[PDB]
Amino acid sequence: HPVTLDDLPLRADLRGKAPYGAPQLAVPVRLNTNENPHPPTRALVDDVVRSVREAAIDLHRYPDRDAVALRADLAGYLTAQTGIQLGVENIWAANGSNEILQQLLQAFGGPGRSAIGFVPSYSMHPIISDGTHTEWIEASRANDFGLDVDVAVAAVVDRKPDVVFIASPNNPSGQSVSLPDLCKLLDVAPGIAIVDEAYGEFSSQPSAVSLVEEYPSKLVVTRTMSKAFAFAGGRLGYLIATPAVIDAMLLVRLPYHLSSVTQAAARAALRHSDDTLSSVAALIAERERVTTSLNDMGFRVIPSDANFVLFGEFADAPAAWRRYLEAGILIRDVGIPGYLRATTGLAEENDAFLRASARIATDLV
């Protein structure tokens, strides 16, 4: 009596689904991922293998427990990428985005404290299990899956919370939240407000760090290397804020810190940020291309500020997904009636995606 899916307490949502198991995807094109195609320069790779090679043995027991150089390096890069003059005393680093979110919640959240988060429809919000009372309002516009800034503010003045969560740009549509609008919230926020600029590097739009100096006792901006720095970024997490906040972090320092090698890898990655910015510049342009291109083909495309685009108005989206698959393109069914999510990629890939889009569009009534 060997055991199968029917015996497992699966989520109902997933019953009857044939698992597309085996490596059943010769698919030249994968645009369902969440990071970055652009391969790494032989130059950047040599830096990594040098750097890592050097630290691995000798500095194994001697990591910079305070991630100073890395933090300065990040600060460096940020000041370039955003234009806001940043320094080591504004940056704080951790293993992942979850860790830095964890640290913040120990400084400003926890038992007795309360937070509220805003999520457009179909988003996936973090689950916070330390004593902090969190509530998640879904407040999108029945329109574009963007954040209904109006209810958001009203929700803040009413719930008067210790911490506020926003994503910008956010899932699922890749909408940014306009600076004016941030301010509107920051104005009514009584405590901390954390803005997740996970995708910030792809946004054609002033970064939220530009408002730090204006709201330094309130705003903290999260961010991550996982998106822009495929190679060597170690899926790292950092924050930008007033030097004082950084200080707050140092006093709730986690039971783990950043590997000596881990740190070096990340630094090497930053050392070649010129490319992994000019190639991000490459992406945005392409993303915009796919965008206009798709509309011209008759698709409804949700105008995005991320490494991806939400599109369609397909009657049977999951079938469309199968169709893309059967045509060599791997995009993402993200469980939204009528829409699929296609990551932006290399021009040669995007073209293929667009082509497949036409085949498919044509083959429908």
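Numbering follows the first chain given and starts at 1. Rigid core (definition): largest C-alpha set, two forms, superposition within 1.5 Å. What changes on going to the form deposited in another entry:
Here the rigid core is superposed between the two forms, and of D144, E214, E89, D187 the C-alpha of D144 is the only one to shift by 2 Å or more. Residue displacement note: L294 has its CA displaced by at least 2 Å between the two forms (rigid core superposed). Core-superposed comparison between the two forms: the Cα of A198 travels less than 2 Å. For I284, the Cα coordinates differ by 2 angstroms or more between the two forms after the core has been superposed.
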Given for the second form:
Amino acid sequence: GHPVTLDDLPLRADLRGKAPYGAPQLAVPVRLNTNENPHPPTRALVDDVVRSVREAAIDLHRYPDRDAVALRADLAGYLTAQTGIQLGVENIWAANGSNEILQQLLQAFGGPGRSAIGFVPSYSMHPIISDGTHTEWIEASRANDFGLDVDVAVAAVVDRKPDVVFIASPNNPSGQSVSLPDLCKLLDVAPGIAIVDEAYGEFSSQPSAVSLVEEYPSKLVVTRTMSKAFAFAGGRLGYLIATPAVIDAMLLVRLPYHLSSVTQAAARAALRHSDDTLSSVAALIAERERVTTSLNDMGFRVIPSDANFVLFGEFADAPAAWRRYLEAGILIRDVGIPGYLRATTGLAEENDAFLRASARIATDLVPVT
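Could you output the structure for the form deposited in another entry, given that the previous block was the form deposited in one PDB entry?
Coming up is the bare chain, nothing alongside it.
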């Protein structure tokens, strides 16, 4: 007769009529819509991953190291070297992407009866994971320049007393880092925890927010990923930096053995080539400034970025423009900001192609006053 549908299943009412996350598939020539490193791993990196996976592969019949100690120590070491801030294993917690880190953090510190705040436009997954963990999502507005409006942000935290304060720095999708003084103002008033999502920290010209953990150990958690600068999006590894008591809190919410032996071994291999991979950052940053200068030169408004992408406009109709970029063979991202789109910084050839299409597409800019 009729196959059973989702309507026929006893799904939660609060999940009814919702669509799954994710843009539909597209294998088109130029993809600059997810903030991936465009430089594939080097042969030497691939060999080290492979050798580390081969080593662990002989004991696949056994459960992996539950607490992933060696990985966490290697993350501590990388980040110590990277920021001059002294960190060890006990300050680090890892999981399958930042997504899972955020989920774990909201289970421990948000969840039912609790709330989280974001300053918008910011990162799409923050409200989605809040929703997923049944944490109330609250919004306050960034400034007209897309940067933080710190008085508005502070007033909202004071008024609403959210359990979790989200701050993305460099922000996605505008690319702007939050100044440390703005950060400290929020930290001062946040009553629960603050999560500073430093997914783009490696690309940024200002100190890591890990420098502040010592100053705010009962509130501050910093998150990083291996998905962007580290060119390890395929391996799904994110981590957090905090006071050791936060690690104990993660042990209460994490699914035991969440990190596989394969994943732990591969990530360790990626970290042993950190210097090799992060050498790119220089070139990507250069390319991002070349793109920015060229778009500016052509009459586009471009938000200055501290990350590996660019938010730019102002289109009279941003989705129409996004469709035109598509017709030219360029996949960039519509992040739901009226009049703006977000273009990931790619290989030179890909950026050249983005710019060539933008030259033609500049005719759909809002006319000037």
